[PDB]
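K.L.:
Put chain A with the ligand on the given structure of chain B with help from the hints.
As a plain string of letters, each chain reads:
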Amino acid sequence: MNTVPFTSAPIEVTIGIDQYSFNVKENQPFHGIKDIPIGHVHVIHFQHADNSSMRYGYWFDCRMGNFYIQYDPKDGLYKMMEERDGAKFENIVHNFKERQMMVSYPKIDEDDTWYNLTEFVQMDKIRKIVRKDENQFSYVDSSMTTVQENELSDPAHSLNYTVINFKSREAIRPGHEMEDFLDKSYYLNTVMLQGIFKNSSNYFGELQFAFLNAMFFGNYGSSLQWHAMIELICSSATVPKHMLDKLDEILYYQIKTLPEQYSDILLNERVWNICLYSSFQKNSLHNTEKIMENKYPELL
Amino acid sequence: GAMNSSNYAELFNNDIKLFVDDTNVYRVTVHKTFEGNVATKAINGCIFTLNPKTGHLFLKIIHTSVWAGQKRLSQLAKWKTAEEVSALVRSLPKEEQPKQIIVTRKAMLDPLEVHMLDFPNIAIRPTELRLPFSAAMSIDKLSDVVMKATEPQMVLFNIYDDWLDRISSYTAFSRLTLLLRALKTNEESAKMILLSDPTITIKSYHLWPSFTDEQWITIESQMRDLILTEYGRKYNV
Ligand SMILES: CNC(=O)c1ccc(OC)cc1
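Chains B and A are the protein sequences, given in the same order. Residue numbers for the first sequence, in the entry's author numbering: 1 to 152, 170 to 317. Residue numbers for the second sequence, in the entry's author numbering: 1833 to 2069.
Don't take every hint at face value.
Taking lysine to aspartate or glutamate pairs in the DMTMM-like style, the calculated list, with each CA pair at most 20 Å apart, reads [as the list claims (entries may be wrong)]:
1) B:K184 - A:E1915
2) A:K1903 - B:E196
3) B:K132 - B:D197
4) B:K299 - B:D197
5) B:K184 - A:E1945
6) B:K307 - B:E286
7) A:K1903 - B:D200
8) B:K258 - B:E248
9) B:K132 - B:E196
10) A:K1903 - B:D197
11) B:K128 - B:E151
12) A:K1973 - A:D1993
13) B:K184 - A:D1942
14) A:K2035 - A:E1983
15) B:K299 - B:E277
16) B:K273 - B:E83
17) B:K132 - B:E248
18) B:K184 - A:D1950
19) A:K1885 - A:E1915
20) B:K132 - B:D171
21) B:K34 - B:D75
To be clear, the hints were calculated from the coordinates, so they are not data collected in a lab.
Only chain B is shown next, with the shape it has when bound in the complex:
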């Protein structure tokens, strides 16, 4: 297990760690989060008590270095940092544990939620979407736009998701205009899976990552990306059987985890009705269709 220590907590903030969250009061003696499961990416996120504008946060992998959080009173936010001095870090962490100033990552041992939401999220790949190569962790916030959003404004701070556009020359072969627009199998399998991603695991990785940024930061462009990647599969007549089965599991856990009260703004009515009820794969997402109909029957 690993630890993300905090120098201090000078401003009242709701702190998130993966799907968990807790409130810290201004100048409360909070010095970080312990017992973080090794082997998964993680996200630590923040919403200031005084300005719920800007949820922001850091994707990181404890295997890639020793990371801590320290408030920056000039920039006004909790910043992730790397400590290169390993003996300094161990000594800091040990003091804070002995004095029990840390919350424990509160994993129930039956619970595979986090694994099921992040199975394909690669941390080196995340550095590809969020370009800031001098850090091993990646900052995301509510307002960051995606490369596609900037086509339709600062490129350094953008989410470099794969551009999916169903009315683009990339999606449509000359001479198969009708075939390729009504059955997106070419675009999914040849252009995206065989050309850009290389394999489905990589395809699932971006898709899972797009959802988590939508859910944790309310990042609107991430939500567009998540729905686009779902829709490209559902709108394809020819999809490997193993990909459909895994998609059903992926979406089941995403729908399961979504706040009930956030469904109105995170879920695109048109895409889901189409995917579950009109598309080629309308009969192939049994788990997802069952949880959607029992949890959000309104949307349908």
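P.N.:
Showing chain A with the ligand alone in chain B's frame:
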């Protein structure tokens, strides 16, 4: 965006544009089978592609052979229309290509947009106008060339005959839409009006009779009465 009563005069400015109507592309006669079922028999159709400023009509004849062995023909018909419009644009010199294409039914937007991805600078637009272009098949010379076609064929017409020598394209379009609206509402009576006077003839190179200015006013009035008439017979007013 969409074309309506507020931006109506844009049709007659000097940006090349075409209307595309697909309502006569896929045409069938429904009949009973010996077993007492129902089946369709397709007949020849046409794409109606019109430059409203010049009157140039690109009539692409859709021969029934294009449907052979195809499924979901009403949906294919939209994509075949879009394919032929795109082929026509590509066939035109760059300075004759349209800047905008206005489709009369919104179901054509996505098919045409997809077939025109190579022309990102051509705007594909819907309209809220209820234009009577479906009645183009009530113009005898156009119906004749479609029904006689034995193969795919493009035929060029000027749907305004020689009117633009005397009137503006706004007034010519207004005449055309009134004629077509009447032919769509009561084809028999509409054609009776147009041909009641054997002394007025249709020139071999025209579609409509050679009315003087004054006779066109009489005709246009008679067509409006007919449209008001059928409106009363329809609604009992
Ligand atoms: C962008 N191409 C990819 O292969 C990809 C793979 C994993 C991943 O995780 C966030 C993100 C992207």
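K.L.:
Next step is simple, just say for each hint if it's right about the structure.
P.N.:
The hints, checked one at a time:
no., hint, in the structure
1, B:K184 - A:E1915, "holds, 15 Å"
2, A:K1903 - B:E196, "holds, 13 Å"
3, B:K132 - B:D197, "violated, 37 Å"
4, B:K299 - B:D197, "holds, 19 Å"
5, B:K184 - A:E1945, "holds, 8 Å"
6, B:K307 - B:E286, "holds, 16 Å"
7, A:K1903 - B:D200, "holds, 15 Å"
8, B:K258 - B:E248, "holds, 16 Å"
9, B:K132 - B:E196, "violated, 40 Å"
10, A:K1903 - B:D197, "holds, 16 Å"
11, B:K128 - B:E151, "holds, 19 Å"
12, A:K1973 - A:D1993, "holds, 12 Å"
13, B:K184 - A:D1942, "holds, 8 Å"
14, A:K2035 - A:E1983, "violated, 27 Å"
15, B:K299 - B:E277, "violated, 24 Å"
16, B:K273 - B:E83, "violated, 36 Å"
17, B:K132 - B:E248, "violated, 30 Å"
18, B:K184 - A:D1950, "holds, 11 Å"
19, A:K1885 - A:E1915, "violated, 24 Å"
20, B:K132 - B:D171, "holds, 13 Å"
21, B:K34 - B:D75, "violated, 26 Å"
Hint check: violations occur at hints 3, 9, 14, 15, 16, 17, 19, 21; the rest are consistent with the structure.
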